[PDB]
Structures are given as structure tokens and as C-alpha cells.
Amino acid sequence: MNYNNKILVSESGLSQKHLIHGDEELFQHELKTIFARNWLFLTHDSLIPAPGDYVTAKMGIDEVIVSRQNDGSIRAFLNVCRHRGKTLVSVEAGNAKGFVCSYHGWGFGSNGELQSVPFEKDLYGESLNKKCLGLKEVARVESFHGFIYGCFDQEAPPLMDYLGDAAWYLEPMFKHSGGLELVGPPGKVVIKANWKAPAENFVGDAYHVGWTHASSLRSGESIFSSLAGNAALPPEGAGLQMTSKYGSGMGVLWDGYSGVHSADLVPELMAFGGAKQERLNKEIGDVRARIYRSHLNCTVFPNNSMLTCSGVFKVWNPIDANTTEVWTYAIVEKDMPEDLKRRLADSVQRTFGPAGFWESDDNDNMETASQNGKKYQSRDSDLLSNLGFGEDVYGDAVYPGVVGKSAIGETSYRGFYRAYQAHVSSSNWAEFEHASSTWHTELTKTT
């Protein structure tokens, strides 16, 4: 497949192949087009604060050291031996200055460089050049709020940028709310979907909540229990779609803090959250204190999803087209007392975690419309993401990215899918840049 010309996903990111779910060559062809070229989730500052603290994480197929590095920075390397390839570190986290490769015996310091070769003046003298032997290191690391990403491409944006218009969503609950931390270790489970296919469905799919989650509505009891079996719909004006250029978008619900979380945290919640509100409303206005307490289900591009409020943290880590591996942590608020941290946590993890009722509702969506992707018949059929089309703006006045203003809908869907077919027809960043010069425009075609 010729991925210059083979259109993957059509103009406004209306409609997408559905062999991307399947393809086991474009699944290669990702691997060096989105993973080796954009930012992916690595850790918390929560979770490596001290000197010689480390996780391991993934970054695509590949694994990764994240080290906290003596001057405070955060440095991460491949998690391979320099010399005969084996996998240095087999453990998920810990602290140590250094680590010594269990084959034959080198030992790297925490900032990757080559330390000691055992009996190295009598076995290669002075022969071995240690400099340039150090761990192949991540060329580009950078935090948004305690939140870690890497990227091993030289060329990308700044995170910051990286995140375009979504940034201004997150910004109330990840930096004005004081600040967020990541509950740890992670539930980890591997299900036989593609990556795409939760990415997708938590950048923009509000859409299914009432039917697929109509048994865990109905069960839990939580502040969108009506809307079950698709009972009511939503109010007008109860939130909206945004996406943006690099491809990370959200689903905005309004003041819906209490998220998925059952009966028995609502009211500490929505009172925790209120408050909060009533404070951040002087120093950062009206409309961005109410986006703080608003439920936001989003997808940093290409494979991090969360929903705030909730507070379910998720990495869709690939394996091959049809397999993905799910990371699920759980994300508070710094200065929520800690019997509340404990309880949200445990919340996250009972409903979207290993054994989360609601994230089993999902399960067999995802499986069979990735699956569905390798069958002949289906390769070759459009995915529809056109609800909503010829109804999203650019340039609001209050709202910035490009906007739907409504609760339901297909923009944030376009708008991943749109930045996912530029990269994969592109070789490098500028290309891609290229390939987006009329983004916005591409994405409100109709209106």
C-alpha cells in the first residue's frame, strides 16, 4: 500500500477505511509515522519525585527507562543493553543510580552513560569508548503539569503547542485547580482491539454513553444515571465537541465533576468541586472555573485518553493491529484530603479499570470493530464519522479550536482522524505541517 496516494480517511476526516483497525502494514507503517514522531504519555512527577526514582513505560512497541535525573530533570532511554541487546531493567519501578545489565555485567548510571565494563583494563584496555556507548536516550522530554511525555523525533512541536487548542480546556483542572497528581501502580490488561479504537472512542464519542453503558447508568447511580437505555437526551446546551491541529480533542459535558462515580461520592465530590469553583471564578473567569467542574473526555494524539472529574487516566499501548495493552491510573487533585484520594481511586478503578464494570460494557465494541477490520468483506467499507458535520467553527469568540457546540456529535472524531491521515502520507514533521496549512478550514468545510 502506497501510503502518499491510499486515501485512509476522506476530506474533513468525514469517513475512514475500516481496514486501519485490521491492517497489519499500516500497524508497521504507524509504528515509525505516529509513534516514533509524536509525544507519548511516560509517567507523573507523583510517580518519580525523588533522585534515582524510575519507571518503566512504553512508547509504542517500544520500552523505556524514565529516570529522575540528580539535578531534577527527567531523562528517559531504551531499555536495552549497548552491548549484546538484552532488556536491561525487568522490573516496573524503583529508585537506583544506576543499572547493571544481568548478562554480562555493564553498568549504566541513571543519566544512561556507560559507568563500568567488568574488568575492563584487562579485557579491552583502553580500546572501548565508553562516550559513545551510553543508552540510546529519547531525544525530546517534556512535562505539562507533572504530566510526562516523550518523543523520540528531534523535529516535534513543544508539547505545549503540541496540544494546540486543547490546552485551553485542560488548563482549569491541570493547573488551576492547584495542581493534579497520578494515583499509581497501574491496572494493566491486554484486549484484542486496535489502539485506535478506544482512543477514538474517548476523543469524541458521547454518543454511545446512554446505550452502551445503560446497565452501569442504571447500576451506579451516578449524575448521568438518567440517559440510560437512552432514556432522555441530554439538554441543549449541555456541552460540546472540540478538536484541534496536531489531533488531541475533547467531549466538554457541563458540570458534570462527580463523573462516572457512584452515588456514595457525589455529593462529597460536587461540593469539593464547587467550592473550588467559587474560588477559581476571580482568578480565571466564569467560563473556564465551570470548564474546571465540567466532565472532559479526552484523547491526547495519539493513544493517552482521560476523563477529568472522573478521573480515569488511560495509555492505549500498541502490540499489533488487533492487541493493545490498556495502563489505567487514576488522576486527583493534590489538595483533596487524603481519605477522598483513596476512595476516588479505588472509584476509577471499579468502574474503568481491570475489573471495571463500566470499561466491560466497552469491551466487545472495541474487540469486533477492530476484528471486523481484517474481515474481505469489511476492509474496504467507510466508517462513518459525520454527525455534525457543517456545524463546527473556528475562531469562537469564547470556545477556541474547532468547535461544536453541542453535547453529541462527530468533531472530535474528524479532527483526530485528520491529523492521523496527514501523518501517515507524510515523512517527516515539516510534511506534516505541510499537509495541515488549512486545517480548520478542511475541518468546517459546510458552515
The other form holds:
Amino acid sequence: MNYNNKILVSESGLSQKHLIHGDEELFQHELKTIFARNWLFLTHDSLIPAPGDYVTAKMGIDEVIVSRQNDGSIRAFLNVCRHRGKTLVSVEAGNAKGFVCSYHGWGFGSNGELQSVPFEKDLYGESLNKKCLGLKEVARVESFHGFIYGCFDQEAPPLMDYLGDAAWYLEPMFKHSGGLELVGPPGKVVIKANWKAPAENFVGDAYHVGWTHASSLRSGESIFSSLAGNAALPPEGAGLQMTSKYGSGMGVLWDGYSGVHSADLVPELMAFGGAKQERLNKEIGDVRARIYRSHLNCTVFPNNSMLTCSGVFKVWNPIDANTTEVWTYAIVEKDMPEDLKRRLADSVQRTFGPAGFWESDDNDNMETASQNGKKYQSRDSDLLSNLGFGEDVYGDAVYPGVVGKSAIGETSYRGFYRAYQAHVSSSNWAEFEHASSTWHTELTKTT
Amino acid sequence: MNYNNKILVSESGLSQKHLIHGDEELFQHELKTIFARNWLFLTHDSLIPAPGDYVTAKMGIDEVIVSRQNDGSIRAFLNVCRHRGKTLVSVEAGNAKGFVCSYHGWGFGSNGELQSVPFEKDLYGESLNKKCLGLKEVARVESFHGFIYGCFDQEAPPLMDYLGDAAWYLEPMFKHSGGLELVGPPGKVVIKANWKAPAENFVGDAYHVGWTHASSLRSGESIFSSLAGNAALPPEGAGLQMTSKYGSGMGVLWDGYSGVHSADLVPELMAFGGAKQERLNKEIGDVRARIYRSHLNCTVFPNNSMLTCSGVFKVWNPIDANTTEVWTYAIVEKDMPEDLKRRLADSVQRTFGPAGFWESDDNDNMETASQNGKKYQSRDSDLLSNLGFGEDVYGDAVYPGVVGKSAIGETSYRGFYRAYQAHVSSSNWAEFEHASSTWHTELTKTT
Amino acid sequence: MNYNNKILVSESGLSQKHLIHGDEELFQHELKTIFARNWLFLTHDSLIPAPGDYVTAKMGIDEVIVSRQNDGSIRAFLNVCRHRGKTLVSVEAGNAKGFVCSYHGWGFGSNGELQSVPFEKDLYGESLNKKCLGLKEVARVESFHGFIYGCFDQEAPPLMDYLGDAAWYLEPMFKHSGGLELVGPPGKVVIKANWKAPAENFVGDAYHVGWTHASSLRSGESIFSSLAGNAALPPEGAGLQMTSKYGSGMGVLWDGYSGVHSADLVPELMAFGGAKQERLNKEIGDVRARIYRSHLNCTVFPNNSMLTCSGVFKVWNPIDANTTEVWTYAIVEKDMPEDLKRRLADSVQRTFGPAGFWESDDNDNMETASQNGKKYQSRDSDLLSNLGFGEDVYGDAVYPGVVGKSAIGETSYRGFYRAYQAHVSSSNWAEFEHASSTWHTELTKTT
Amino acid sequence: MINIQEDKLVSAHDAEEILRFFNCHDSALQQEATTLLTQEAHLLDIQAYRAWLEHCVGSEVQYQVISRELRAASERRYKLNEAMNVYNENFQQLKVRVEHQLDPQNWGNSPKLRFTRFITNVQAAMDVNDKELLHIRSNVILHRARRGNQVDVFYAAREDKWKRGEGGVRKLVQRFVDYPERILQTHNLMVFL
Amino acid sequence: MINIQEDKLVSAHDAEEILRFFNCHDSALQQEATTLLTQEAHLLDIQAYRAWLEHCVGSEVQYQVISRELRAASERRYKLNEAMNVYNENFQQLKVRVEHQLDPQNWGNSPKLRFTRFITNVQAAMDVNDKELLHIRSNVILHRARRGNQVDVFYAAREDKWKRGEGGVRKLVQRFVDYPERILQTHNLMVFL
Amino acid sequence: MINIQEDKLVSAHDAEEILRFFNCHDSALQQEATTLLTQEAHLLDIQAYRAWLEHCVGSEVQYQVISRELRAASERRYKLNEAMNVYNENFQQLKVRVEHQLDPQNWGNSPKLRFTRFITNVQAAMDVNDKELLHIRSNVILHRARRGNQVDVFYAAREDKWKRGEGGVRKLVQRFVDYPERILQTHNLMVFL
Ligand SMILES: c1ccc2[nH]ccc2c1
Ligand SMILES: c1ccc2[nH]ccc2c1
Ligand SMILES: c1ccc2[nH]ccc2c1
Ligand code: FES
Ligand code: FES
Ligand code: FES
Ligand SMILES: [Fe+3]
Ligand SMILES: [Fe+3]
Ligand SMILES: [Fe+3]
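Moving on from the form deposited without ligand IND, please list the structure of the form deposited with ligand IND bound.
Everything in the complex follows now, all chains and molecules, and the chain you saw is the first one.
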């Protein structure tokens, strides 16, 4: 396939070829144009707070070691020995001053440097240029309020710029709340779906909630429960949708601070969020203080998703076109009482973790939609994302980005796939920029 | 590989490159030129007799819903939602007026039409053109005496024409007997063989019976049992072989009405078939009345096979070059007493079903022959199908098609592979026709 | 990838692209340019000593029958029926005058000839040219002191010439000791590594022993045990490394006759080897008599490895880029007492067989190094094999081949990969020869 | 205990079998049933099929394994054949299958197959009406290995009736299995569950 | 017996559990525990989830399955959360999960799933302090099949505490499982181990 | 019962073992053997390898696992070595393997492996000649998980001899396993069956 010319995503992001969820050649091409190019979630300060702390993470199909340096910075390196290529670190987290390879014993520092080679003097003499043999380093590592992202491409925009208009919506909870912590370790499960299926669902699919999650809404005892079995549609301006230049987007469900949590947490959460909102009104204004305690379903392009307030944090780690390894953490506000933090983390896993009953409702939807992308008569068929098209706006006085002022729609799918087409048809960041010089006009056409 | 030029099957169908059973690129090419082009078995009237009855079936690697319409016709549709591509129906059979998608709740009628969209007015307003959003429909659906076939290609010949000369042989049992019913549900098993291996074996391999099935013949207590371990060769004109323009073919074993059934059914069957034959003599003549109660091993190109009289009915559903999902039903004559129908169906499964002891004898033959097609030194080797070449005739006064007047030979392999080459090297039905304008001359050369 | 031009291995074999352990297209290309071209281990005289004895073996991904002929020679044939391609022989060893196919009963002799066809006269008449239907024969089969190798390419050098300079080192143990026997049956295990990972480790990796095998050295009770955890480095000239034109190479560890065997065998072995060495001094000279009782870790290119003295004999049978089927036999000196032979064979399996505790230490190293070759950021990275470069010699007065006069280094990796590049970039043996006309100069550069 | 109007996922058949074991527990009977099944499994594992027929199988046996078509949980109109019989054998039919296994021209049996059976969750209860009959439920994991790298694992629950027989030789008069996998991924179901 | 300073790979928790069963063996108790677990597994296998809650689960239950992060065997500095809870349920939380299973709009339950559980290695010991409580250890292989060709097999050891209850109806008051696979390859862990 | 001239697929060895268990059944012995094997499996599962050696393994032990070459069922001429020993260990050799497992430089043991064993089909019979010896047969499913996504499952039948020992501490004097899979698909067989 010629990705310079092939229309995988139609103008304005209105539809996508179904093969995108199943084609292995495209998956390989995404490794280059999506995963090697864009910002990918690694870890949180809370998981590697002290010098020497490290974790392993995936970046696309590659594995990296993410390490807290002595000076307080974080550096990340491919988890691959520079000698004969053995995987250096076989654990998920720890604290160490360096990493020794189990094959020939080469020792690398937490800073990636080749620090020792067994019997170096006797064997290599002075011939080994250890300075040129440091671990392959992730070019860019940046933080968004403690959430650490990496990018293999030194030409990428800064992380804050890459978040674009989505950052404004995240800041009330990520910054003004006093900050969040990530509670590990994550759940880890493999699903037989393409990574884009859950990423698109979290970035902008409120339509599925009432029907897909009918059983979880009814038995679950949660605040959004009136939607079970499409018994009811959300109110007036019960929410909105947004998307951004670099593909990140989210839904906003006003005031839904207890999120997916069962009735056993609803009163406590609604009290806590409302109390903080009252303080935030004076600091960031009423609209942003309300956004803080509003449920955001968002995807940070390409493959990191979250539900704020519910506290669900996901990484959709790609394995092949129909295999994804799902990592699930909980996010909690740092100033919540410890006991509430613990209960909230368990509730996140209860609902969206490996035995998450809500997450279970989505399995078949994501796996069959993905696998159908391999079937001959469906490869060239069109997945539709036109709901709300011609009603989105750009440049609103209050809510930034391309915004659909309704709780349910497909605005965010269109922005995600727009950005996706622009990357898959581009060889570098400059070309992506050229292809995106009118990103918001393309998304608001007909309005 | 250039399939316009590559000789996969030699002139007259005398040999085939072994890679045809193992090459994945060719398998993908068959999805287009074999499975998307030709008539594929779906179901029987007996399985969906009433309005609203439906089943799911495979057509190649695609899955379809096959539904009895209110007007008594049958329509079939891809089992894929027109919104985001989720599999619509997760069961094998049922009765319903429509199908609702578990993702966002879109509801399609049994006629494929998009009939409802949750909250359509509030969400889409009048923007949704539901008339253009019906399920993707199988272009052609036709019946042969109750046996329902589908074809994705609107340019295909009518099913009766596609059966060509094979139809004459099937009609005594399929039509003149009063009709057949298919007894479901089928057995379903995956084998590690190419779909062509069992299809070629059923279309024209009587040679293997005595040797491959030695143990089943000896322990089985059946009418063809004198062949065990090649202890004996069939008589004079104990049978014949035939093939046709579009690839269908069969063997005929005169008078073998009890087929593979153990001695526990032999007397009852031989009595029943002989009694009906006596009535048929006056209606269709002695030769065709005898064909009715003669054992036919036939493949309806590409991947539907059967043993009449034994009552075995198979679909070799392709999964990849070395994986096939085998569906096994029983066929019974509608006017047989119910208790005989039940015993016959159990006997079909006993011998050729998931624990079929005869079918078990063929496993290793079909799986290793297929897997050997991937091995480097065998890819370009030649599978032989020359037995009987130069003794086949065209246009006989009594038995139509290209016919080998002997019970054991490879006439039907040659016709199957001829048709196969013509399709794989053609882009459409017109080209297949051009490539087949001398089909019978090619098959009878040297005679 | 264009293998005429792609630099997979840098000049002098100093580095290799990591993708060589993971690329499936290259694996397919190796089937042609490595496995179909070179000498591959089949069996030993000791396993098929009498007329009619046979075994099955792999040659690349193909399977062959290796049979002792009535005249005492050995012939090998593809294990594939010439009719419809079924696997002929389903066992690993036996004695027979021929092989009958379980599909249609064709019978082939131990000499490969098609000897019988069921009902030939009645079915084929005189039309079957059985003389042209013998099993596909392995073009070349030769013996090195009882060890039988096959080659599909009739243009290959004789086996002795192919061993090149490595033969000199093997002869003391393979010839002058009175000869070896192979003790079967082999252990058989699948590992998720590329075949080159264990082949490179056995051809010239002494560096890993102390670190990788730390636990086996310490608990094992063996002669090389002072190396555990890199507690100590071998002495002066404790050994050397060598490599050859056609890729075979080995390490030599002076006097290490008990090898990996635990202390329970050390005294008996050291006595036996020393006694034979004393006799050999007069026959082949002191240096070669010492080589006889010195531990050789060698790979006979491409995929046969051994540890002499330890008695480990391996075949790394390729399945795909990250799958190898490991066959492990024991080699013993024919004149050792029977009870010692038995204990030695058990010890070989104890240490390097399916539950070999030493072999277990290498698993993760070989599997992760291989699998990392598929990871996007590592495909184009460079595996290093520069240890000892610029200190190797050609044409030494005592030790032939390209030789590194030190126990630990990467001389043999460089010769193995040199030969590998030359084959992968060549279409035939003549081109390999042209590409190898300065093989030793390339390897000794900078010295 | 079970009320299938409340326990919505439970079939009437399954609820009837719960009732049979939850009442009247006889520890000695449970142990006897365990022994009996362990010995049967040993005979099958070593491929002593004639001995299994002679020592373990009653003349009146029905040996049945069904494959049930996948239907909607809410289905109430479609009433056609719900299942097919992978096995539905009387003694003579079992004997035919045993002769097929033992025939020296059963090419698929060379090299010799390897079977290993794991029997668990044994429950036993006497029939209320026929005092010659014992109801035994058990689950089985059956591992079949052949030809180097072929491995198939089967999983099932078995509902058996065994008769006392004579001389303490208990014999199977009914085995019923509703096979849990609709599409088999074991090449065939040519094994005695 | 166990000394974890010598048996370097053994955790303190695991050594404590060995000690509890190796001392004071009561064969009758072992058999009672086997019966109890077999009946529990039967109720779960037929998806009688309400009956399981009513007959087998105590009001004070803690039903916990953890996933432990992979750490170096020699790790001694990193002290953050070692595990997460796949399950950590009280009775009400179990009831929510049971209602979710029984809801007619639980689309993933149509067609009906098939479960088969294999319980082995049963050990039982009375609690030293609370004579209402029995410690039962057992291992379980759980096979889940659905939708034609989906098959997931789970493997685990269970550390349970069961209370005597009333009328001989023993009820689970704690189940603890440390799930052995860190990355699940069964689509989810939506099964009651 | 078994006649191997009639039961054509049965080996002489296998027929001899049937005979040993079908005669003289002692229910108490079966239960004792079950307890013993369950405790052994628990020690192995928690990787208490030193405790296993000390508490469960006799000084005179032969611990043997063979891999038999695939030969034609009709083969009668080829008489070379039929099998090889994956294990054939005396006590000292087992001790070497245990030290290898416990060594802190056994890099493959970090992160810590997880083992779960399922022992079934237990049969026991006293030796006819040596009254210190008990013959115990059992089958085992062994699940080994490591490093996130590596899972290997082993299946085997075990033919053991255990001696009474002293103080009621029974010890293994012989374990024999004929491994059913000829080509292993578990990376290695580095587990104690
Ligand atoms: C609430 C709203 C939108 C959502 N997208 C995915 C889960 C989810 C929950
Ligand atoms: C009888 C005759 C021909 C046949 N082809 C396949 C099965 C079969 C049975
Ligand atoms: C000793 C020396 C070199 C070696 N290479 C592989 C095993 C081995 C043992
Ligand atoms: S591969 Fe890491 S030190 Fe050699
Ligand atoms: S995918 Fe079917 S309604 Fe959305
Ligand atoms: S395939 Fe061997 S005789 Fe036909
Ligand atoms: Fe959802
Ligand atoms: Fe057949
Ligand atoms: Fe090694």
C-alpha cells in the first residue's frame, strides 16, 4: 500500500477504512509513523520518586527502562544490551545504580553509560570505546504535572504543545487540584483488538455507554446509571466533546465526579470534589473549577487514555494488528485521605481492571470490530464517525479546541483520525505540520 | 507471484505445484478469485423454514447472516455492523425480526435495513441516511432443491448453470427422491490442512479408500468393506468419475446405497433405496433411478462436499493456507421414517463427524500433504493427478460431462484444478469464461 | 530487502544488524542461501549401522529419511510421497526395506525408488513411469569419521574441504582417538530463539561462561568451575580461538577433558583422556595429542554444534526467525568402557539436554537477544563482535586457520558471520567463492 | 436450593443434578466412585481398550457426547434440533471403535499415541428408584500427545450411571457429556472421555 | 521444618502456610473440605451464582485475587505498592458482580458461556484460635469456553477460610489468590476462582 | 485381567502396573498416599527445594524422566537405545540441581517463578516383597509462569516407590516418568515432576 496516497481516513475524519484495524503491513507502518514519532506514556513521578528508582515500560513494541537520575531528572533507555542485544532488565520496577547484563556481564549505569566490562583490561585493553556504547537513549522525556511521557523523535513538539487544546481541560484536575498520583502496579491483560479500538472508544465515545454498559450501569450502583439500556438520554448541555491538532481529545460530562464508582463511594466522592471545587472557584474561575469535578474521557494521542474522576488510567500497548496489551492504573488526588485513595484504586480495578466488570462489557465490541478489519469483504468498507458533523466549532470564547457542544457525538473520533491520516501519510514532523495547517477548518466544514 | 503467468496447474490438470497447499499469498489471492467469485454453501430450507429464522454461515473468511424473509425468500448479509464494524450476531441460529448491535444499539431488520438508531432525532436529527446504511448484502442467493448457496459476485452464472454436468447426477437424489433435508446442527472442527486437500479428496479420490480406510472398512461393518487393506479392487464398471466446466465433479459407485454405514443400517437402507428405485424406474428411467441409489462422492466447487447415500455433507471453511474449519451435517431423504432419519444422522456423525472414525483416518493425509507445501524443497514440486488421463470422454450418450468410465481414477481432480487455474489467473467471470472455452478438449487430450 | 547490497554484516565481521535474528523475510532467504546450499548434520553410523536402518532428520525446514543401503552406503530422501505429497515416514528411526504411503499405498524402496503402486496394471496399465517417480534425493551425502552430513546443492565443496581449517582440530578426537559414537535418541526441545543465537554462542563464546553459567559452575562440581561469577579469568595461553573459510570455528580450552561434567566423573575422565593422550603423543605428536584431550566448543556451519570432551552434540533446527528445535545427543569415544559411556551420556543430558541445568542458563540470553531483533528500535542496531580484532593471525606454523591466541575472544564470531554475509549475498557456490577469495585477509585486518 | 426463575443462567437439567448430590451424602460411596473412575482412566490411558470394554462397560450402555448449537440466551421461537451427537454409542458401536483402535492398519496409531487423564470433582449418589444404579459425576482433563509436536487437551464434565454388576465389577450404563467447546481445536474428538 | 534463611526462594507467608497443614492431620476434615469445594465448584460451573452466594459465601467475606509486580529477587530498597487487587470484594461487591452476570442485557453472556472447574490438592486445618474457622487450601484449573472458538484456562492456588455456619452450611469468609501469571492471556479475569 | 496378546496396544510394563493396583485395595493407604503427594507438591510449589530434599527424598533415590524415540508400532528389528534420560538422578545429583535453583546468581530465577501443581488419579499398593515400600501412581499437571507472559504446562504420569522411613516421614526412593511429549514446547523441562 502507498501511504502517501491511500485514503485511509476520508476528509474531515468522517469515515475510516475498516482495514485499519486489521492490516499487519499498516501496523508495521504505524510503528514508524505513529509510535516512533509521537509522545507515549511511560510512568509517573509517584512510581519512581527517588534516585535509582526505575520501571520498565513499552513504547510501541519496544521496551525501555525509565530511571530517576541523581539530579532528579528522568532518563529512559532501550532495554537492550549494546553488546549482543540481550534484554537487560527482566523486572517491572526496582531501585538500582545500574543494570548488569546476564549474558557477558556488561554493566550500565542508571544514566545509560557503559560503566564496566568484565576483564576489560585483559580482553579489550584500551580498544573499547565505552563512551560510544551507552544504552540507546529515548530522545525526549517530559513531564505533564508528574505524568512522564517519552518520544523517540527529537523533532517532536514539546509535550505541552502536543497536548494542544486538550491541556486546558486537563489542568483543573492535573494541576489545580494540587496534583495527582498514579497508583501502581498496573493490571496487565492482553486483548485481541487493535490498539485503536479502545483508544477511539475512550477519546470520544459516550454513545456506547447506555447500551454496551447496560448491565454495569444497572448492577453497578453508579451516578451515570440512569442511562442503562438507553432508558434515558443525558440532559441539555450535560456535556461536550473536544479535539485538538495533534489528535488528543475528550468528552466532558458535567459534574460527574463519582464517575463509574458504585454507590458505596458516591457520597464521599461527591462531597470531596464539591468541597475542592468551592475553593477552586476563587482561583481558576467557576467554569474551570467545574471542569475539575467533571468526568473527562480522554485519549492522549496515540494510545494513552483516562477517565478523570473515575480515576482510570490506561495504556493500549500495541503487539500486532489484532493484539493489544492493556495496562490499567488508578489515578488519585494527592490530597485525598489515604483510606479513600486505597478504596478508589480498588474501585478502579473493580470496574476497569483485569476483572473489571465494566471493561468486560467492551471486550467483544473491540475484539470483533478489530478482527472484522481482516475479513475480505470488510477491508475496504467504511467505519462511520459522522455524528455531530457540521455542528462543531473552533475558537469558542470559553471552551477551546474543536468543540461539539453536546454530550454525545463523534467530534473526538474525527480529530483523532485526522491526526492519524496526517501522520501515516507523512515522513516526518514537518510534513505532519504541513498536512495539518488547516486542521480545524477541515474538522468544522459545513458549520 | 504473478498469477496471470505462473503455472500452478499444468495443462490438462495433470499436476499442481505443491505450494498451492501452503502459500499464504496464494491463499489471500484465493479469497478474491475463488471465494469472492464462486457459489458457496450457506444452509438448507430445513434449517430456516419459517419467516425470521436465520443462521450464520461462513463465505470464505467472511461471516454472513442468512435469513428467511416474510415473503418466503432468503437474503444474506455480512455479519458486520454498518456503524463501527462490530460483529452483529454472536449465535449460530435463531428466529428474529432483526438484529441489534451490542456496541451502540443500531437495529437492523431481517431484511438488512437500518431500521433504528438510538436517539436518532436528538443526535442525528434528519442527517442520517438510513436507506444507504443497510447491511452489506450478498449479491446472489439461489437454491438447488432446498440447498441454499450464496455468491458475492453479481456476474456469476446461475447456480444451476454453475453445477453444469454435475447437476444431472445429483438430481435423482436431490429432486426425484422427493427431496432431502439437512439435519443440523453441524459438527465443527478445525484441521491443520488446506481447504483444497479435503475438497480434492471428496471430488474424485476413490483410490485412497482401501488403504487409508483399511481399519474403518474392516471394523466398520459396511458395504464397501471388501476393499480393506487393498484386499480387493472394485469390479468391472463398478463406477465412474465425472467433472464439469466450473470445477464440480464426483465419483459414482453403482448401487452403494448404504455407503459407509455399518452393518447395523445396511439391510434397512438397501431395502429403502431399492424400493424407491423401483418406483423411479418408471419416472426417470433405469439409469437415473440407479444413480439415485448409487454412492456419489462429490465436491461442488470450490469447498462444499458430500457423500450421497452415506448422507455426509461437508463445508471446508478456509482459515489460512494450513487451517480449515470443517462443518459436517447429515443429509436425509424427507420421506424416510423419522426413526431412520435419526439413526442415519447419528451414523453420519459416527463415521465422518468430529469423532468420526473414518474421517480420522484422513487427518494425517490431509494435514501433512498441506503442511509439506510450505517446506522449501517441496514448494516447486509436482503433485500428480494423471491416473486415467487419455481415457476420459466428452459428450457421452448416457453420462454427461467429462467422464472416466472406471470407478477409480483422477478425472475429477483434473477438472477441479483446471477450473481452479482458470480462476486464479482471471480477474473476473468473463476472463474465466475465455480461459475455459475449450475446457473439455483440454481434459480429454490424448484420447 | 536487496540482499545483494544490504550490509547485514560489516567488514571483517565486526558487527551484525540485530534484525538478522528476527526478520522473517531473511529467514526465508536463509532457507535458500544457507540451508539449501550448505552441509547439514544428519546422523551417525552408530545410529544406522545395518542395511535397512533409517532415521528421519531435518535439513533446514525440510524433513528427510536417511537410510543405510544394502551396499553399505547411505542415501537420503525428502520425506514426501511423489504422488500427492503426504509425509511418508511418521517415526524417528527403524529398520525397513521400504516405506509405504498411508494415503494411496505407493511403496518406495530404501533406495528411494518407486517399487510398487497398488493395482498398477489395472489402473495405470503401462503408463506410469515409475523410474521418474523416485523420492526426491539429497544430492550429496558424506561422512566425517562416521558423522553423516547432507547437502541439497550438488555444487558444494566436499565435506572435508568445507570443514577447512577446523578439520585439523577435530581430527585428534574424531579420528585419532579410535573414533566416536553418537548416543541416541536425542533430546528435542523448542526454544523461542533464532538458530544463529545458539550457533554463534557455541562457535566462539567463552566470554559468557563465567557469568551466564555462574550458578552451574558453582553448584555443578566441574573442572571449569573457578570461573563462577567471573571470580577468575583463565590463565596465560589457557586456550585459543579459530575460524575458517566456510564459517566453521571453535574455541580450544587446553586440557579440559572432563568439560562440564560434575565432580562425580572428573577423576575417571581425566585418567582416561590422559592415558590415551600418552599413547597419541607418539602417533600424532604432542600438540595434537593435547588437542585430543582439550575442550573444543565448535560450530560446524551453519547449525551443528558440539562440545568435545564434555560430549555434547547439538543441531539447531530452524523453524522460523524466533523458533528453533534443539536436538541434543551425546558423543562418546568408542573404546571407553560401556559403563562410562552410559554415565557420560546421562551427564550430557543432565547438563545440556532438555532439563540440562547449564543449557537452562542460556535460554533467556538466546531468546531475548533473538526476539529483540524484531523490535522496531533495535532492527537497525549493531550487534558487536570486535573482541580481539587486530590480534588474529593467518597461517601459523602450528595452529591453522584464522587464529586468536587467547582463550576468550570473538574471532570465531567474525568468521561465522563473514561466511554468513558471503552466502546471503550470493546466488550460488561460485559467487560465494568469489566473495571469499580474501576471507582471511578480511579477518586479520589491522594486525 | 436452586430456583431457576431466580438463578437466571441455570438450566433445568443442571438444577436437577445439583439436587441429586447435595442431598444424602455417603463418604464411602464417594471414595468407591473415585477408585472406580481412577481405574477406568488408567485402563484408557494405557490403551487397554478391550479390557476397558470387558471390565468397565455394561452391555446396556449409552455413551453419549453432544455438541449444542449456539443460540441466543433470550431465544424462545426457534425449536429445531438443539444438538448433535459426537458420540451416541451402544456396546456394539463402542466395540467397533475399539476394533478400529486395535487394527494393525490404523496408520494413525503408529507411532503409539500417549494419553494422560486427570479425573477430579467426583460426586456419587444412589439412584432413588433402581438400587443397582449409582449416579457419578466427575470432570476430566484428557491430554493426547502424538508425533512429536501434536498435543491436544480436552476438558469436560461427565454425568454417568454405573450398575453394581456382579462380583464387585461395576459397569458403566450411561455416560453423558455436553462438550463445552462448540468448535473443536484438537483436530478431532477421537478420544474416550 | 522450613527455614527460609536456608530455603532461599521461600517467602515467609508461604512457610507459615506449610506449617499449618503439616501439623495435626485430620483425615475426616480433609474429606469434608473436598466435598465442600466440589459442591461450590459445581454451583459455579452451572452458573448458579445466586445459589453460590446464598449457600457458600459468608456475610463477612473478603474475596481477594492479587497481581504482584515483578521485582528483582535481590530487591531491598524499592518499597512501593507490591500488588494490586484484581478482586478485593466484600459480600455486597460480590452481589453486584452476580447481578451483572444475571442481567439480561449482559450481552457477553449470550450465547451462554461454558465453565468446567477442576479442584485438586485439598488440605484443611482448623484455626488455632477461632474454632468456627477452617483453613482450606486447594488448587484450581478453570476452563471457560464461549462463542465457538474462545477458550481460556486459569490456574491458581486458593488460600481460604470457611466458617462452620449454621445447620451444616459452611460459608467462605476469606479467599486469597496470588494470581501466578502477571500478564493475563485470557482476555480478562472475569471468573470466580 | 489384561492380556497383551489381545489388547494389542498395551505394553508389558503397563499391564504389570494395572495388575498391581487392581488387586488388594486399601482405602486408608490411598488416602495416606494422597496426603503425602499433596504435601510434596506444596513444598515444590513454594520452591522449598531444600525442605523437599530433606523431608521427601530418600538417600537411595532414583529420580528418572525418560524421552522415548518414536518407532513404528510394527517395528521388531531396530534394537538401539529406545530412550534417553531427561533426568536420571541420585540424591547428590538432585542436591546439585537444588543448589543451582537456590544460587543467587541463577539469573533465570529473578523475577521469582510461580509454580502450581495439580495431583490426581492417586493409586497406592504395598510392595509384595519389601514391606518398607509403597508403590504410588499419580498424574500431574504442572503450571510454570514467569516473566510476565511465559506460561508452560507439563503433563505426566508418575510411577513412584516410597519407603516408610522413620517417625512417619515417608521418602521417595524411585520416581519414574515416561514423558508423553517427544518434542518439548515448554522451553525446557527444568521442573521437578
Ligand atoms: C464514560 C463516558 C465516555 C466514555 N468512553 C469510554 C468509557 C466512557 C465512560
Ligand atoms: C467413498 C468413495 C470416494 C470417496 N472420497 C472421499 C470419501 C469417499 C468415500
Ligand atoms: C565452554 C566453552 C565455550 C562454550 N560455548 C558454549 C558453551 C561453552 C562451554
Ligand atoms: S549481550 Fe549483554 S554483555 Fe553480552
Ligand atoms: S458498531 Fe454497531 S451500533 Fe456502533
Ligand atoms: S500421497 Fe502417497 S500414495 Fe498418494
Ligand atoms: Fe465502554
Ligand atoms: Fe477418506
Ligand atoms: Fe552457555
